[PDB]
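Asker: Read off the chains here:
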Amino acid sequence: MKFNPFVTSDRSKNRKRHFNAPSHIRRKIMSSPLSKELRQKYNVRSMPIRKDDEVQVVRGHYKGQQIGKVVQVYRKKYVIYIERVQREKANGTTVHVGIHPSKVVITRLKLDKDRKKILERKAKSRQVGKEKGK
Amino acid sequence: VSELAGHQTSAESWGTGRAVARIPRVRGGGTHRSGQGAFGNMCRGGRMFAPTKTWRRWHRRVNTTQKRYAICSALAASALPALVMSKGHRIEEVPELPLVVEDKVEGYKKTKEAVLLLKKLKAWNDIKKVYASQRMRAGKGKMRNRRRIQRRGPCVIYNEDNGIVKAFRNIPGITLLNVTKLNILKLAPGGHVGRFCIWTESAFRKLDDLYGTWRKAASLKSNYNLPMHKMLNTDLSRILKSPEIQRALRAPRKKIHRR
Amino acid sequence: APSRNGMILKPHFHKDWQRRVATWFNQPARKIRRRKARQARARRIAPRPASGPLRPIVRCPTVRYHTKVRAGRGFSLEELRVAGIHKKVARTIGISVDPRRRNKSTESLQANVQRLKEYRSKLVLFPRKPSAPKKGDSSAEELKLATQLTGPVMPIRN
RNA sequence: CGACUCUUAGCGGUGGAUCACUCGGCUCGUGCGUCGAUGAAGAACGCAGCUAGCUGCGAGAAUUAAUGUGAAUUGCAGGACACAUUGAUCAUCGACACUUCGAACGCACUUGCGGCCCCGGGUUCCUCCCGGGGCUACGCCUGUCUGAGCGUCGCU
RNA sequence: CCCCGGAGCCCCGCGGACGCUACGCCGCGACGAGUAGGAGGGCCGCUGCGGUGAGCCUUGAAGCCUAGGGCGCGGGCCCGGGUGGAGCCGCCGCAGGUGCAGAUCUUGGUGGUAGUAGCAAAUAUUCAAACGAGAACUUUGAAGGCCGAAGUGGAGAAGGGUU
RNA sequence: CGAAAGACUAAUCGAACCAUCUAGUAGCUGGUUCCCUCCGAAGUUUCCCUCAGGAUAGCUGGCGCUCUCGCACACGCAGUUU
RNA sequence: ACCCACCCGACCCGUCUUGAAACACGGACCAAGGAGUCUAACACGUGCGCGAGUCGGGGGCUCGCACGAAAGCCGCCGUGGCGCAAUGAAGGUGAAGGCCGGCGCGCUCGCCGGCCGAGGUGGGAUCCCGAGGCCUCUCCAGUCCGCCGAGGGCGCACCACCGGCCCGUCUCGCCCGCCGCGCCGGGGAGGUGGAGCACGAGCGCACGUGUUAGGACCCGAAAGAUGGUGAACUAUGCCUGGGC
RNA sequence: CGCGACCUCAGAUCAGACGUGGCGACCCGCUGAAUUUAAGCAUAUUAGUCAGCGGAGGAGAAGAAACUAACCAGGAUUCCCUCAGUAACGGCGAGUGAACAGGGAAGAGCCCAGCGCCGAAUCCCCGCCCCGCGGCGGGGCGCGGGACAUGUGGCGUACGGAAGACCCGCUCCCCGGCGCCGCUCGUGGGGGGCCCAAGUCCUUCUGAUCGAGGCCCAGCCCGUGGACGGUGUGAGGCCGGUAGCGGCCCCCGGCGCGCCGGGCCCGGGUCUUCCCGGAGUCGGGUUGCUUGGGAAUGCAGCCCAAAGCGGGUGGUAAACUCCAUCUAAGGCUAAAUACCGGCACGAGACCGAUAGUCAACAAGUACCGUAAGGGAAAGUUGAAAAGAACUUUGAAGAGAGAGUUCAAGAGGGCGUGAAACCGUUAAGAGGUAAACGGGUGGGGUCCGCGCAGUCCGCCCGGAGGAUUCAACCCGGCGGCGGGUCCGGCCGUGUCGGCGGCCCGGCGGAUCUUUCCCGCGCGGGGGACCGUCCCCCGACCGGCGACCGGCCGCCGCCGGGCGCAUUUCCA
Ligand SMILES: [Mg+2]
Ligand SMILES: [Mg+2]
Ligand SMILES: [Mg+2]
Ligand SMILES: [Mg+2]
Ligand SMILES: [Mg+2]
Ligand SMILES: [Mg+2]
Ligand SMILES: [Mg+2]
Ligand SMILES: [Mg+2]
Ligand SMILES: [Mg+2]
Ligand SMILES: [Mg+2]
Ligand SMILES: [Mg+2]
Ligand SMILES: [Mg+2]
Ligand SMILES: [Mg+2]
Ligand SMILES: [Mg+2]
Ligand SMILES: [Mg+2]
Ligand SMILES: [Mg+2]
Ligand SMILES: [Mg+2]
Ligand SMILES: [Mg+2]
Ligand SMILES: [Mg+2]
Ligand SMILES: [Mg+2]
Ligand SMILES: [Mg+2]
Ligand SMILES: [Mg+2]
Ligand SMILES: [Mg+2]
Ligand SMILES: [Mg+2]
Ligand SMILES: [Mg+2]
Ligand SMILES: [Mg+2]
Ligand SMILES: [Mg+2]
Ligand SMILES: [Mg+2]
Ligand SMILES: [Mg+2]
Ligand SMILES: [Mg+2]
Ligand SMILES: [Mg+2]
Ligand SMILES: [Mg+2]
Ligand SMILES: [Mg+2]
Ligand SMILES: [Mg+2]
Ligand SMILES: [Mg+2]
Ligand SMILES: [Mg+2]
Ligand SMILES: [Mg+2]
Ligand SMILES: [Mg+2]
Ligand SMILES: [Mg+2]
Ligand SMILES: [Mg+2]
Ligand SMILES: [Mg+2]
Ligand SMILES: [Mg+2]
Ligand SMILES: [Mg+2]
Ligand SMILES: [Mg+2]
Ligand SMILES: [Mg+2]
Ligand SMILES: [Mg+2]
Ligand SMILES: [Mg+2]
Ligand SMILES: [Mg+2]
Ligand SMILES: [Mg+2]
Ligand SMILES: [Mg+2]
Ligand SMILES: [Mg+2]
Ligand SMILES: [Mg+2]
Ligand SMILES: [Mg+2]
Ligand SMILES: [Mg+2]
Ligand SMILES: [Mg+2]
Ligand SMILES: [Mg+2]
Ligand SMILES: [Mg+2]
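Protein chains in written order, with the entry's author numbering: chain Y, 1 to 134; chain C, 54 to 312; chain L, 2 to 159.
Heads up, some of the hints might be wrong.
With a Cα cut of at most 30 Å, we get these calculated DSS-like pairs of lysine-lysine [stated by the list, open to error]: (1) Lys274(C) - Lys2(Y); (2) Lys132(Y) - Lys157(C); (3) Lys11(L) - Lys106(C).
In case anyone wonders, no lab produced these hints; they're calculated from the structure.
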């Protein structure tokens, strides 16, 4: 259960919170898991997906073991566009098909300074909890 | 329903003589809502017949002995495998029905322990059946935060939380009670009498101190004892084919004289 | 119209009463709020009784109640004078004082002096500074209790 | 058989019931309990690269600064930026800013007429002229200055 | 002059239904109009809640439609097929904004009336051409007509507000 | 307001219009939602500023209780008659 | 169950009405909506708990309430309500009687010892006792078991009647009492008013029906009241223009 | 005829301050109806209610007795429960209607004028310096102004107070700063930020899964987390969250210690001598409203108009008289209490687009009205726009093919798509309008058959074929039932232990203060009674409350038995 008497557990409230979410908050919502490989290395479950990570689509039609680079992040549409994840429209023009970030797995991160410091913060909290549990 | 609901219009009846129908009709304007039908419980817009009030007598208060009588009745039938099995609880492989346990079970701080306990005691197959029942609710309570529904599980009466109520918490189905604060809403859910519980020896000792035996007061509920029984020999089959009674009955006329 | 036997009864629902119906959906929320606020006040007045001040014993008025005895509002001045507590100080040690109480009979007076005497015996006046001057009790009766007294202080039992 | 009419069924229309959804209501509760001449509420008129409405803002006008965040915004354009840099975008909001009416204040409501001090062009204080700036409501209190009275006195 | 773990049974007292949800099951008689009105029973029906069905459901829920198959005195119900595309029901309790043909009822929709009434105030149109997919109606030219300077002309006021 | 018609006062005048008191009151019209089963009326009484309504008797239903004995072994009651 | 045929039957519903197929009203058709509710108070019935009691509110103690604004507990458990006592306008008064023996004159009156203790008549479900049968494969003896049972009893509830007691009231009477002897206080007999007593039945909770007060089954006036908006139409006055 | 004091008055765009409007759920002061009820109506009622005006605050108002009472007396205000639908009012009709006591929530008490003493000992504003400065303050210094004796400040206010003499005991309280230490209850106060568990494992459905079985180890992992939401269906483990006395960073609060700057020489009792109270107010008369308040509950106007052992109250007018009880005509005060407005949250046996707010949407919008005001309708393609390229007919709208989609029998007002009503297709009928009830017939539509439906099941007789038995013993296991209650555990009624009784506790208006402790009372012992527990023996219900042996019976497994048996099959 949730016991904190200031959170909500109220369909209408959670959905309204979700759909009318502000960009910086959507960043967090649009997170996606690391590959087991990276999960081992960084000590982090998942990361906020970003403009030019390398990525697999895990479920759907485009479900496949190819590793496409991310193309853009349409936070309004809760979606990311990926390199070869696309479909030919009526008149031949390719159109980047949206995939939801959570149905995707990050194989290669785009590491900047800030992304580096984020991963350092998440790994540290994870190991504090393991120390507290032990 | 709101006070102003339905009456926020100003609407007069065009009286008789206009054909139409003597309802109050919205006054003036160049809209669809003009010369309509206000206030009447029948009209669109309108005003529900006998709008519901807040001061409906919601709460309902019950005599204290009666409340206790119910709670004794539920306890008494938490024994009786038949009444527990009939109430659905898969209590087939459980070792003894007023199921009482060691008081390390106060100790446990992890679900891990609490589940392992339930599997040794063979009470897990109730929890298993709780998982099996988890399904979506029928209809409008879905859109009002009652979306999922399931079974009631094993009760677990404890005497003191030394950690226990944390341990049994995520195990779906389980409700934990204090002995000193029992509740008929939980001991007889659905107003239905049986329910598999799991006692802690510390708690299971305390019951007689709480409720008082037949020749001893409550000694904890000031002025109380058990309710006395109306009839003692419940098995009437043992009565009716006794020597004493069948001695004194005419022989049963049983021929069938048809027309 | 009345029909065959019944109390010819007068209800008072002729004014606009539904405009002034007062529901009680508060009450649980209220009861808690008081209770929190109560526990806070205890914690603020740290070793002082949660109760309040000590209050006198007092008989009720009228032939009806007469026989019973309650807590009164505060100890009279004569009762403080005889006990030998300066009225302005008595407030500072948790002794209720009203000054509007007469004192008719000497049976009610000596009882209420006895009360204050007893209070002063079983009271633990802390010194102003941790450095200990006169009046202020020993650090023994201080360490062994900086304890609050639950319930009414020296309760009256008829 | 013929047309037409009636009945039933199939399929198609018309129409939007039903069912299923719900970023809305309705009710009960909790905490706090804050507007204004330092110009409120309300109104007006403005402001977007393409924008009418809703919203958001005020000639610094879909916002400036700051702090937090850490790559977008995205209908299309265009762009920026080096996202190893105060740094996109959101959020917060303490600095800055805040057109005109409005208690509404120079007097009027035409958006009309003014007065008084200072500044720039205009002069070379020559007042004009133009532009900018600052004052110019009523009531009232504490003081201040100037006064009034065959009001009550004193000295001359 | 004996025992039913065996008389063999139309009566069996040694143990007892195929039957016994004892709110069950069974037998005999009698009777059955009904407004207003009253009461009982509804395994009749609607929506939500506590229980409960190791219920049902993308291998197809609800709803909808059906010259298909049935049940019930009836309220109603169950199955088949179609359509649909995401939830829904049985039982035990509790709860109610719970069942429509009518209210010159309310809101929305649709007919017959009906291709009917009707498109009749103020004399008037015709020929050719152009454009154009297309001309009774546009435009140009030609003719014939009217308003007849108290104008069907030429300019404002108010009002409109971009005409 | 009226050279007077109760005329006119924004299609409204023998008392304008708007919002509220207001869901104003109504012994009077109208309507009042599923099935089966069982029982089943009254339009007469007295009183009433009562006569298109109430009250009160009556007539109806429901709940019962107390007894009775077809369990070879009955008292009481009647829209009769003697 | 779809269509068609034929014989017989068969006027359109709703409604008010003594009477509706009516030349009585409402109704073109379909969908959705649409009217005996809730609160309070009373009464009776029924179900449950406890019972001369019962009671829960209000308050408090136990939790951040996930379920909890629940659940539990309280010398508050009873301040208090209702109930356990009436009757009188009130001052007030306030439900026991009998018997026996003795002492006062047994005076159907006054005082002292013992015994019983809510009176009696009729009817009363039911219990109880029970003469006597009625047999047993024989003549008698003879405990055991029934079945019935004439006859006789205790008699619940309830009903009818008669007694009795309490309060009010009247009438008539004769005695008692003492810190205060008094315009003091107390009793008796016989009527008569009382929503009385005569070995208790209530309290709380729940459902039902009925009756009310509330918008009170739903729809409906003509009116009434408070506070505001309009003389752009029109009525009349005035100012300033125009026209014949 | 001047100059100077003061008094009363003006004027300043004089210096510096304040007030004005809004909101209005709650609150305070006025004002104040009528529908309505009374079955009519006028008093009454509706109601001191709606509308009207005024003014506030986070609450307001009230409040420290000119009180209750009549007691063995209580002791500010507010709130709840009760008092109580009571006392009372009332065309004594309809109807209306309090208070004290009692129990709670809370709890807090104070200050002037006066009377007096103190060189006005007081206040405001200037100006210079040091600190402090986003709630203009401290300290110092100025012959720098003014207020003030027509009275400022200290002491002091009815609970008495002052001044005096000696009885006693001793001396911390406040603020302006500047630091510093412990982050100080939802279990680290408040705010902000950023963080923290476990499967996309197998197979298999599916357009997509989130669905269904599965995952040896005791049960895939995690589980203080199986709330909720999102993600192409239904997800504890995909993502955000959720749990946690979990983490880190900011900021702010609140309280603890140190230093400085100031202020501050601040008691009590005892005896004496003094001191003491709010006027056009009380009170009366009155008229009008108001109240349950009745020969006047409260408020008013007008007239009269006080006193000081007085005055007020003491619920029936007055006189006499005793008692009781307060101390009016000046003021401040947190708390429990209220809250349909606001900001910010949480929840629901509520509504689910004719509902729920007028308003799920560009709604107080469009639109109407001169104006006050009135006031709608209107949600849904799909998982994704993949929103139909291209070919062709047409001036075009419209089509026909093609394509996308799981589907366009989802085509931009597009989920589902009822009925009325219409078009057509098929079938059937047709001069008494249609339609209907009952009864048959004919035709259709499908549905069940049968390409014999002769339907099964027992038992038996015969005829074929095939496995191991049953019957019996033997060994093992399990179950039932039984009495000898045999032996022991188990418990009901009784009796014995007075044995638990102090190693058995509660309760008691039983007793005792021979006791103890604390102040005749409280607490604890100590007797006593009632109730609940140990020891063994005896009798009895030997009770479903169990064990152990023995018996009898049953069943299963395995041993035995090979075939006139016991099965299977046709
Ligand atoms: Mg509505
Ligand atoms: Mg449904
Ligand atoms: Mg208290
Ligand atoms: Mg058709
Ligand atoms: Mg619609
Ligand atoms: Mg019948
Ligand atoms: Mg009927
Ligand atoms: Mg869907
Ligand atoms: Mg409802
Ligand atoms: Mg209809
Ligand atoms: Mg024509
Ligand atoms: Mg022109
Ligand atoms: Mg009129
Ligand atoms: Mg109505
Ligand atoms: Mg009438
Ligand atoms: Mg009957
Ligand atoms: Mg009539
Ligand atoms: Mg007639
Ligand atoms: Mg008819
Ligand atoms: Mg006729
Ligand atoms: Mg009519
Ligand atoms: Mg008609
Ligand atoms: Mg309907
Ligand atoms: Mg009853
Ligand atoms: Mg009645
Ligand atoms: Mg009603
Ligand atoms: Mg009306
Ligand atoms: Mg009138
Ligand atoms: Mg104001
Ligand atoms: Mg009337
Ligand atoms: Mg009437
Ligand atoms: Mg009238
Ligand atoms: Mg009144
Ligand atoms: Mg008002
Ligand atoms: Mg105040
Ligand atoms: Mg006062
Ligand atoms: Mg009081
Ligand atoms: Mg009462
Ligand atoms: Mg009144
Ligand atoms: Mg003075
Ligand atoms: Mg989930
Ligand atoms: Mg989901
Ligand atoms: Mg996670
Ligand atoms: Mg009055
Ligand atoms: Mg008197
Ligand atoms: Mg005040
Ligand atoms: Mg809609
Ligand atoms: Mg709709
Ligand atoms: Mg709506
Ligand atoms: Mg819909
Ligand atoms: Mg739609
Ligand atoms: Mg729809
Ligand atoms: Mg489809
Ligand atoms: Mg579709
Ligand atoms: Mg559609
Ligand atoms: Mg849809
Ligand atoms: Mg045909």
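Asker: Next, verify each hint and record whether it holds.
Answerer: Hint check results:
1. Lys274(C) - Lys2(Y): violated (35 Å)
2. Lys132(Y) - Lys157(C): Measuring from Cα to Cα gives roughly 23 Å; hence the hint holds.
3. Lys11(L) - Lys106(C): Between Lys11(L) and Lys106(C) the Cα gap is close to 24 Å, so the pair holds against 30 Å.
Hint 1 alone, counting from the list given before, is not met by this structure.
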